[PDB]
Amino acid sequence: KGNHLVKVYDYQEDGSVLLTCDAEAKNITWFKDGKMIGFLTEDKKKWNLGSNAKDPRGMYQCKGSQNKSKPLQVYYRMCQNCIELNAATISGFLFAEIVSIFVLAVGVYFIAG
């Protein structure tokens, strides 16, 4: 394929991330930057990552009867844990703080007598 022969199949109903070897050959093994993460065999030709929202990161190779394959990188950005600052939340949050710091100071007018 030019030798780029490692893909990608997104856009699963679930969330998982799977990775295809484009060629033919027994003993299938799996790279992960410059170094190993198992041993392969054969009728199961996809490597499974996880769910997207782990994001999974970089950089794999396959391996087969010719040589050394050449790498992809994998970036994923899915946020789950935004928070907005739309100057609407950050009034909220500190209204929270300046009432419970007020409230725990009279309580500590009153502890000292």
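Take the two forms, superpose them, and find the largest set of C-alpha atoms that agree within 1.5 Å; that set is the rigid core. Positions refer to the first chain, counted from 1. First, how it differs from the form deposited in another entry.
- Residue 91: CA moves 2 Å or more between these two forms after rigid-core fitting.
- With the core superposed, residue 41 shows a C-alpha displacement below 2 Å between these two forms.
- Annotation: Cα of residue 80 displaced by at least 2 Å between these two forms, core superposition.
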The other form holds:
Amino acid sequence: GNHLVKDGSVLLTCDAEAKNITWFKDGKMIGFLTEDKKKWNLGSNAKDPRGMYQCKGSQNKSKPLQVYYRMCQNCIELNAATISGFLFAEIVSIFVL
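Could you please show the structure of the form deposited in another entry, as a counterpart to the form deposited in one PDB entry just displayed?
Here you get just the chain by itself.
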């Protein structure tokens, strides 16, 4: 059903034929891949690679894909144990007033 685009490193595979794989970044040509490769480099999934990507071969193009990731600006587990830590750190730092 189309949708040719699908450790911590994240790579996308285009299921097109092995003659041309072409990658569109944010709707524009950004790179070209050879036949010996089968994955597109996004890097570590933690390095905020958020965007909309889509691949093209000899055909027209496939269904566009989009994903979002972050450098963990909101990545927490706030139990009372960590509550003690961050709360005490805050109060002792601010006690300078």
